Structures are given as structure tokens and as C-alpha cells.
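Trainee: Each chain, letter by letter, is given below.
There are 2 protein chains.
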Amino acid sequence: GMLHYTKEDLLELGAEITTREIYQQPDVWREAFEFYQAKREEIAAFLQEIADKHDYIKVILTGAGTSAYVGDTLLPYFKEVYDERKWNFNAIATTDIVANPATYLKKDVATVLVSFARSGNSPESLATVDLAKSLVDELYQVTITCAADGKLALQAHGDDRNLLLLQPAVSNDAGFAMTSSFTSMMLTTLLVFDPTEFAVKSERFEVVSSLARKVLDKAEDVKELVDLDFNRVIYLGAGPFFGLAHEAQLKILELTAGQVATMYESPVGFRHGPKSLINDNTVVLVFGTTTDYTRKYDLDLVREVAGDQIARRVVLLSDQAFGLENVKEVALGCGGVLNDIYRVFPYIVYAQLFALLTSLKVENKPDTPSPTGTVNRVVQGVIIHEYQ
Amino acid sequence: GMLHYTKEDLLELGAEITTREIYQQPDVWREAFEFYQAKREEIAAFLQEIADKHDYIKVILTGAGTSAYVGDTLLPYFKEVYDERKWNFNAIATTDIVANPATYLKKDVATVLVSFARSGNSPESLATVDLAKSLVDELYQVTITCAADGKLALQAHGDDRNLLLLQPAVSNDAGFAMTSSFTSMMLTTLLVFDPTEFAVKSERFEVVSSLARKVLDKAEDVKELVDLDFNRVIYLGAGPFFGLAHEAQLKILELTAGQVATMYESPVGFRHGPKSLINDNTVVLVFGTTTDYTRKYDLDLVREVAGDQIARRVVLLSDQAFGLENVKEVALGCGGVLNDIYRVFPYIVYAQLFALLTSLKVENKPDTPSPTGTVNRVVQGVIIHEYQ
Ligand SMILES: [Cl-]
Numbered sequence: 001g002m003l004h005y006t007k008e009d010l011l012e013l014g015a016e017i018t019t020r021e022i023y024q025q026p027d028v029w030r031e032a033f034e035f036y037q038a039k040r041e042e043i044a045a046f047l048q049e050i051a052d053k054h055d056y057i058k059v060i061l062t063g064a065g066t067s068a069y070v071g072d073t074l075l076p077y078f079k080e081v082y083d084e085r086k087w088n089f090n091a092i093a094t095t096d097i098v099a100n101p102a103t104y105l106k107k108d109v110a111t112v113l114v115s116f117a118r119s120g121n122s123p124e125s126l127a128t129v130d131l132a133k134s135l136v137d138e139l140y141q142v143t144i145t146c147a148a149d150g151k152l153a154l155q156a157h158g159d160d161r162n163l164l165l166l167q168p169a170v171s172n173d174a175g176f177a178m179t180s181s182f183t184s185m186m187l188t189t190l191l192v193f194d195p196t197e198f199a200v201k202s203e204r205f206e207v208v209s210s211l212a213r214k215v216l217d218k219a220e221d222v223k224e225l226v227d228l229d230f231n232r233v234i235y236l237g238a239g240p241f242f243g244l245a246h247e248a249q250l251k252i253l254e255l256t257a258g259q260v261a262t263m264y265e266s267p268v269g270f271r272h273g274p275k276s277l278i279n280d281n282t283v284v285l286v287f288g289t290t291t292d293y294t295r296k297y298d299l300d301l302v303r304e305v306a307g308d309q310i311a312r313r314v315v316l317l318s319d320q321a322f323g324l325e326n327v328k329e330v331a332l333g334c335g336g337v338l339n340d341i342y343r344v345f346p347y348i349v350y351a352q353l354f355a356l357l358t359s360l361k362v363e364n365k366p367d368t369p370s371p372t373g374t375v376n377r378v379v380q381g382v383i384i385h386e387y388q
Numbered sequence: 001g002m003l004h005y006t007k008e009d010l011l012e013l014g015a016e017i018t019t020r021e022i023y024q025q026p027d028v029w030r031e032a033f034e035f036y037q038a039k040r041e042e043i044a045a046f047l048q049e050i051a052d053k054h055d056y057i058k059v060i061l062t063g064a065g066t067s068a069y070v071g072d073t074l075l076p077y078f079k080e081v082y083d084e085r086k087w088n089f090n091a092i093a094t095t096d097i098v099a100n101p102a103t104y105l106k107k108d109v110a111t112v113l114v115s116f117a118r119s120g121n122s123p124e125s126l127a128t129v130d131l132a133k134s135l136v137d138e139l140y141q142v143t144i145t146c147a148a149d150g151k152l153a154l155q156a157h158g159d160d161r162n163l164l165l166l167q168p169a170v171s172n173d174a175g176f177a178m179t180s181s182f183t184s185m186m187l188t189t190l191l192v193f194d195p196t197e198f199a200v201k202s203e204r205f206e207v208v209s210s211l212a213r214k215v216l217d218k219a220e221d222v223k224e225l226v227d228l229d230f231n232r233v234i235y236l237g238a239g240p241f242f243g244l245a246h247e248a249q250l251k252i253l254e255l256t257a258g259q260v261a262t263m264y265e266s267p268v269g270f271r272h273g274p275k276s277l278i279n280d281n282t283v284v285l286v287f288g289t290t291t292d293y294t295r296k297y298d299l300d301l302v303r304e305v306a307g308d309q310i311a312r313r314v315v316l317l318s319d320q321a322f323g324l325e326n327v328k329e330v331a332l333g334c335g336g337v338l339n340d341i342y343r344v345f346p347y348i349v350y351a352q353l354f355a356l357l358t359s360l361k362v363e364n365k366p367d368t369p370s371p372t373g374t375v376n377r378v379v380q381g382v383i384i385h386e387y388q
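Sequence lines, in order, name chains A and B.
To convert, note that position 103 of the first sequence is 103 in our numbering; the numbers rise steadily by one, no gaps.
To convert, note that position 271 of the second sequence is 271 in our numbering; the numbers rise steadily by one, no gaps.
Honestly, I wouldn't trust all of these hints.
[Stated by the list, open to error] Below, simulated EDC-like cross-link-like pairs (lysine to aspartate or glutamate); rule was C-alpha separation at most 20 Å, straight line:
no.: 1; chain 1: B; residue 1: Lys328; chain 2: B; residue 2: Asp308
no.: 2; chain 1: B; residue 1: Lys107; chain 2: A; residue 2: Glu84
no.: 3; chain 1: A; residue 1: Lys107; chain 2: B; residue 2: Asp308
no.: 4; chain 1: A; residue 1: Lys106; chain 2: B; residue 2: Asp83
no.: 5; chain 1: B; residue 1: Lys86; chain 2: A; residue 2: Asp108
no.: 6; chain 1: A; residue 1: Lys106; chain 2: B; residue 2: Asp55
no.: 7; chain 1: B; residue 1: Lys106; chain 2: A; residue 2: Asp194
no.: 8; chain 1: A; residue 1: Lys218; chain 2: A; residue 2: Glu84
no.: 9; chain 1: A; residue 1: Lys86; chain 2: B; residue 2: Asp108
no.: 10; chain 1: B; residue 1: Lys296; chain 2: A; residue 2: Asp130
no.: 11; chain 1: A; residue 1: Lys53; chain 2: B; residue 2: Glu84
no.: 12; chain 1: A; residue 1: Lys106; chain 2: B; residue 2: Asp194
[Unchecked claim] Between beta-carbon pairs, the in silico distance windows are:
no.: 13; chain 1: B; residue 1: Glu41; chain 2: A; residue 2: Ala321; range: 35 to 41 Å
no.: 14; chain 1: A; residue 1: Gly336; chain 2: B; residue 2: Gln48; range: 46 to 52 Å
no.: 15; chain 1: B; residue 1: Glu220; chain 2: A; residue 2: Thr372; range: 31 to 37 Å
no.: 16; chain 1: B; residue 1: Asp130; chain 2: A; residue 2: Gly336; range: 27 to 33 Å
no.: 17; chain 1: A; residue 1: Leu3; chain 2: B; residue 2: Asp137; range: 54 to 60 Å
no.: 18; chain 1: A; residue 1: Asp83; chain 2: B; residue 2: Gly335; range: 42 to 48 Å
no.: 19; chain 1: A; residue 1: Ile384; chain 2: B; residue 2: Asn339; range: 23 to 29 Å
no.: 20; chain 1: A; residue 1: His385; chain 2: B; residue 2: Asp217; range: 33 to 39 Å
no.: 21; chain 1: B; residue 1: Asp292; chain 2: A; residue 2: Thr372; range: 28 to 34 Å
no.: 22; chain 1: B; residue 1: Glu42; chain 2: A; residue 2: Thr372; range: 54 to 60 Å
no.: 23; chain 1: A; residue 1: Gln309; chain 2: B; residue 2: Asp130; range: 31 to 37 Å
no.: 24; chain 1: A; residue 1: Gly333; chain 2: B; residue 2: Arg40; range: 37 to 43 Å
[As the list claims (entries may be wrong)] Partial list, derived from the structure: chain A residues whose beta carbon lies under 7 Å from chain B:
no.: 25; residue: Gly1
no.: 26; residue: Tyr5
no.: 27; residue: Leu253
no.: 28; residue: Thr294
no.: 29; residue: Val379
no.: 30; residue: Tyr387
Just so you know, the hints here were simulated from the structure itself, not pulled from any lab data.
Cβ coordinates follow ideal geometry from the N, Cα and C atoms, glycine included.
Just chain A, with the same shape it has in the complex:
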């Protein structure tokens, strides 16, 4: 198990489901990868037909909450590697689309709507699909969802323009918080759209899974941070790690019922006002980039915040430790096998453990962390209004 905890301890503390769902991630990813591998020809044919038909293609990666951050996290990688004049990638939350459809859904633009959902039962998921069908003349869909009996999945069959990519059944997280659903969806999406050769994807997958298991094995390293005196947490990252930070900090908010206040930023963005949030009771964690160029900017920022000596702790997740003063460096090293976009997986596993253990520290029940009932596993109170 995790730390010393027995399964019995975890049940008594209301953390068995969430702990199980975090720890099952490498196994879930291997199933997802194998499903990808079996479907890869069909998936590539699907996308190729669209490319053959249309000169400009708007791809919209869309979900709500943690499902929105799937697109946010992967977006900068796709933007780098694709020519925007052909495949124009966007991450637009379902919660944005439902409120302002006209901003995003345009009649004459060929559009591939890539819908993400753990439960499939957020009203905004179906409303976004329905608005897209209403407003876009040439619409295709890729539906990436974990619940085969969720409304999103149920309405995604028998349509030659909708590629349904169900995630493994156990990734339909019963926990309040999305854990294995988030990472499984993100892995599927990266495998689908990453133009890298299959053999390279395979190798990277194996290293992703190895690194993640190492993180899980060393939960005590995360506990060391949890044990510090803090009630604010700030996650920072550049590139894909900006959306990853957004997810990492949300996991805290959610699992501590906001008893820990939070922020996400990039390291370079952080200086321009947001850094004001730091106080003596703040932990700052950086998801480090490993390209030589971008790493330099991370390092200057970590040096500065450590040097300020205000924060309780500055933590840098990277591929190596330089031996920085007043920084906890967490070295997760691939031998360089992984590029940055695949490092999101072990990095978020660390973040999930931090959120889980912090929930336990504050005596919240991670599996059911909103005792007021004002936040819910499946969103409540969403009304869809008719658009004309």
C-alpha cells in the first residue's frame, strides 16, 4: 500500500477509492495504450479522410473542469508540431462553449470536436455536441470518455463522423476527483494526435509507466512536504505544464474543500504580480521543463523564489537535481527518453499524491471531500438553455 497505511486504515479515513484509483494508473495506461494500438489504423484513416476533404480544419479539445485541462495541457505541444494553416488546434472548455457558442462554433469552418468526460453526465458535454451539430456545417467528432453508460458515450454510436474511443472501464473514477480518468484520457489524446512514429510512442509509454510507478513507490518523499506548515499551494509550469499546474492545484482545492488556497501560473508569468500570493505558509512547486532553453527560465525563477526566503518550501520536479540552495529537487529521469509532453504523466502522479495526503492531513475524506455538498462528483444544477 501507500505509506504505512493498511487498506483498513484507508477505508476508515474515506480514502480507499481515491488511493486505489491513483495507484491503478500505470495498469490503466497500459490497457489504454493497447486499445490505441489495436485502433491505430482506423484512427489514422479517420483523420486522413478529414485532411483529404478539407483545407483548414479546426480541432476543438473540449471538456469541463479537470476534463478541460486535458486539452489545456496538450495544446502547446500540438500547436508546436502542427501547421495551424491546416490543423488549427484549440482547447475550449465545454463550459465556455455552452455560454458563448457563437464565439467558437462557426458555420463554414470544418471542425473536429474532441469531447472529454469521465462520467459523461455533465449537461455541458451534450449541450456542446448539440450546439456544434446545430451551428457547424461540416462537423466531425472524436469522443474520449471513460463511462460507457454515460450520456456522452451513449449518444456516440453508429455515426461515421464520430470516432468513439472508450477508456478502460476502471478509469471511470468513483472518487470525487478525477485521477486515472484524467491521465487515461490525456494519454489516449496524445497517442492519437502526436505525429511521432509508433515505435517511439511505445518506448516512451514504457518509460512513462516506469517513472510513474517509481513516484508511487516513493510516496514518503511527498509526505515529507505534506508534513510542512502550509495552507497555500502554488503550482508553476511552462508549456504543457501550465495546464498541468491548473489541474495539480485543482486537486488540492477539491480534496481539501478549499482549506488550502491555490494558484497556477508559469514561472516567467509568476513574477508579474501573481508572486504576491506567496507567504510564510505557502509551498511553491514547479513542474520543470527539460529542454536546455526553457529550463534556464525555470531555474532563474526557482533561484529567485528560494532566494527570497519567504515561502515555506520551493520544490522543483525535473530530470535531475543541480543541488540548489533552499529548493527541494525531485529528479525523475528518463535517460532523455521522454520529451516534455510525456513527462506530464509522472509529474501529475506526484501532484495527485500531494493532494490526497494533504486531504488526509486536514481530516477530510478524500473520496467524498465536500461535506457541504456544494461541489459534486457529477456537476449539479446545470441548466441548458435553448440557443437560437
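Since chain A is already given, all that's left is putting chain B with the ligand on it; use the hints.
Mentor: Okay, now just chain B with the ligand, sitting in the frame of chain A:
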């Protein structure tokens, strides 16, 4: 005067500069508008030449901190009204470009780089321009900045392809926080790229000015809210009001040196986890959208948060009061002359007052609000590294 305060009172409190710069906004905006009026034919001709040469044009709206939020706020409006296959609008912070230039700056894409800066002395401003010039074959620039002797402005002369649009000198805010600088730059940008007829823009400008004066006249109303017990502030807004919420919350952070923790979200996004931050010492303010359809989603959310009865106060800025239970409704009514994108101006004045008065409440010196010196008016410690 603001409230009871004399100029000597404000001097004593370290608030004279910021108070002045907020209150000068209507006058600054008229000067900005008159400049635009004078230059509009030249401006249109500049953009028309670009459209005459290139089939696909990438517009990048770029700044750091509050300057980034000019682009974030206006972007959804430009996205709605432009055809993305011709004019493809993006808001990408200078703090993102400098760290990951290859994500955004593409050799073969005709690009219009629209740079924002109050001081012009952020290293990322010049690095962003330099990276664009070194990477993009067909580049044009629009430089919108408040400091004629800032480094950005000073390198923007004598270039046919760089359209320099200096803002009124007094908008080079001496206060730590950007107030009139943000608004002047945002007004100029909207006037440049809004395809509405000039006669309509002039009509709206007059109502903007009038409503903003009314907000300033009624500072006592904001004070009443600031007097409530709270240490967390959440701003919510849809469409342009998401970026505006980002700015509104940053103002609090900056001016209270993080003594008040903050969040920005959209009303519909808020439910999917972020709502967890609410506690009994939290004030939630919503920048209300006035289109019939989107407004319905604001209203559902406000009803819900009010009905939960946890937050200290729920405040809705709009064009009218419906008479909502447990909500403070602030009605700023144009008679319907203003569309939502022009309502950002009166809305942000209200949020500036809220931040300034909260700063006074916590006995910070709003003009110089970082007594640790770890956050600065002009960013310190940014090193620019060579990109290959
Ligand atoms: Cl009140």
C-alpha cells in the same frame, strides 16, 4: 475626492498616486479616443495592406501580467466577429513566447504582433519582438504602449511595418498597479480591431465615459462591500469577462500583497471544482453578461451560490437588478447602447476601486504595496537567454 479623503490624507496613506490614476481614466480615455480618431484612416490602411497581401494572418496579442489580460479580455470578441481563416486572433503572453518561442512563432505564417506594455521595460517585451523578427518571415507589428521612453517604444520607430500607438503620457502609471494604462491600451486595441462603424464606436465611447464616471462618483458603494469580513475574493465572468476577472483578482493580490487570496473563473466553469474555495470569509463578484442567452447562465450560477448561503457576499454587476435574493446587484445601465465588450471599462473601474479600498483596509500602501520588495512595478531579475 474619493470618500472623505483629502489629497494629504491619501499622501499619508501611500495611495495618492493610484487613486489619481484610477480617477483620471475617463479623461485619459477621451484623449486615447481622439488620437484614434485622428489616426483611424492610417490605421485602417495599415491593416488593409496586410489583408491585401496575405490569405491567412496570425494576430498575436502579447503582454505580461496585466498587459497580458488586455488580449485575454478582448480575444473572445475578436474571435466571434472575425473569420479565423483570414484573421486568426490569439492572446499569447510575452512570458509564454519567451519561454517557448517555437510553439507560437512560425516561419511561414504571416504574423501581426501586437505588443502591450505600460513601462515598456519588461525584458520579455523586447525578447518577444526579437524572437518574432528572427523566426517569422512576414512580420508586422502594432506597438501599443504607455511609455514613450520605454525600451519597447524606443525601438519601434522608422519601421513601415511597425505601427506605433503611444497612449497618453499620464497613462504611464507611476502607481505599482496598472490602472489607466490597462484601460487606455485595451480601449485603443478595441478601437483598432473592432469592425463596427466609427459613428457607433463614438456613441459607445460616450456611454463608457459616462458609466465610468458614475462608478467613480459612487465609491462609497464599493466601500460598503469592502467593509465586510473577508479574506478571499473570487471574480467570475464569461466571454471577455473571464480575462477581466483575471485582471480584477490580480489587482487585489497586488495591492494587498496577497493578504487576500483570490481566484478568477467563468460562472459555468466555477461549479466543476473551483467552487471549493468558497468559505464564509469569501466575497464572490460576477461580471454579468447582458446578451439574453449568456445572461441566463450567469443567473443560474448566482442563484446557486447565493442559495448555498456560505459566501460572505455574492455581487452581480449587470445592466439591471432583477431583485435576486441574497445577491448585491450593481446596475450599470446603458439603455442597451453598449454591447458587452465595451462594458469591460465601467466594470473594471469598480474592481479597481474594490482593490484600492481593500488595500487601504489592510493598511498597505497601495502606491508601494510590496514592502518585501519581492514584487515590483517594473519586473526585476528577468534574464533573457539566447535562443538557437
Ligand atoms: Cl453589502
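Trainee: Hint by hint, note whether the structure agrees.
Mentor: The hints, checked one at a time:
For the given pair, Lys328 (chain B) sits about 15 Å from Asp308 (chain B) by alpha-carbon distance, which is consistent with the 20 Å threshold. Taking the CA atoms of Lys107 (chain B) and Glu84 (chain A), the gap is near 12 Å; set against the 20 Å cutoff, the hint holds. A distance of roughly 39 Å separates the Cα atoms of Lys107 (chain A) and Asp308 (chain B); the hinted pair therefore is violated under the 20 Å criterion. Distance hint between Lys106 (chain A) and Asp83 (chain B) is fulfilled; the C-alpha atoms sit about 9 Å from each other, no more than 20 Å.
With a C-alpha separation of about 13 Å, the suggested pairing of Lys86 (chain B) with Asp108 (chain A) holds against the 20 Å cut-off. Between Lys106 (chain A) and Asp55 (chain B) the CA atoms are separated by roughly 18 Å; this keeps the pair inside 20 Å, and the hint holds. Between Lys106 (chain B) and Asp194 (chain A), the direct Cα distance comes to roughly 19 Å. Compliance with the 20 Å bound is thereby established for this hinted pair. At roughly 41 Å between alpha-carbon atoms, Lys218 (chain A) and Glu84 (chain A) are farther apart than 20 Å, so this suggested pair is violated.
For the proposed pair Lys86 (chain A) and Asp108 (chain B), the alpha carbon gap of about 13 Å is at most 20 Å, so the pair holds. For the suggested pair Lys296 (chain B) and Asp130 (chain A), the alpha carbons sit about 18 Å apart, so the restraint of at most 20 Å is met. About 19 Å separates the Cα atoms of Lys53 (chain A) and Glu84 (chain B), which keeps this hinted pair within 20 Å; it holds. Among the hinted pairs, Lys106 (chain A) with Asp194 (chain B) is consistent with the structure: their alpha-carbon atoms are about 19 Å apart, no more than 20 Å.
Take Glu41 (chain B) and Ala321 (chain A): their Cβ atoms lie about 59 Å apart, and the range 35 to 41 Å is violated. Our hint of 46 to 52 Å for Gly336 (chain A) and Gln48 (chain B) holds, since their Cβ atoms are close to 49 Å apart. Between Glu220 (chain B) and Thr372 (chain A), the C-beta spacing of about 34 Å keeps the proposed range 31 to 37 Å intact. Take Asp130 (chain B) and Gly336 (chain A): their Cβ atoms lie about 29 Å apart, and the range 27 to 33 Å holds.
The hinted range of 54 to 60 Å is satisfied by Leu3 (chain A) and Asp137 (chain B), whose Cβ atoms lie roughly 56 Å apart. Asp83 (chain A) and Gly335 (chain B) have their C-beta atoms about 47 Å apart, which keeps the hinted 42 to 48 Å range intact. For the hinted restraint 23 to 29 Å between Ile384 (chain A) and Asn339 (chain B), the CB-CB distance of approximately 24 Å keeps it satisfied. At roughly 35 Å, the beta-carbon separation of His385 (chain A) and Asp217 (chain B) lies within the given 33 to 39 Å, and the hint holds.
With their beta carbons about 32 Å apart, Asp292 (chain B) and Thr372 (chain A) fall inside the hinted range of 28 to 34 Å. For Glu42 (chain B) paired with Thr372 (chain A), a C-beta distance near 58 Å keeps the hint of 54 to 60 Å intact. For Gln309 (chain A) paired with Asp130 (chain B), a C-beta distance near 33 Å keeps the hint of 31 to 37 Å intact. Between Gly333 (chain A) and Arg40 (chain B) the CB atoms are about 57 Å apart, so this pair departs from the stated range of 37 to 43 Å.
Hint status for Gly1 (chain A): violated, given a least beta-carbon distance of 27 Å to chain B, over 7 Å. Residue-level restraint check for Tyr5 (chain A) is violated (minimum Cβ-Cβ distance to chain B is 24 Å; threshold 7 Å). The closest approach between the C-beta of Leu253 (chain A) and any C-beta of chain B is roughly 4 Å, which is under the 7 Å cut-off, so the hint is satisfied. A hinted interface residue such as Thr294 (chain A) counts as satisfied when its beta carbon comes closer than 7 Å to some beta carbon of chain B; here the least separation is about 5 Å, so the hint holds.
Because the smallest distance between the Cβ of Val379 (chain A) and any Cβ of chain B comes to about 5 Å, under 7 Å, the interface hint for this residue holds. A hinted interface residue such as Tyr387 (chain A) counts as satisfied when its beta carbon comes closer than 7 Å to some beta carbon of chain B; here the least separation is about 6 Å, so the hint holds.
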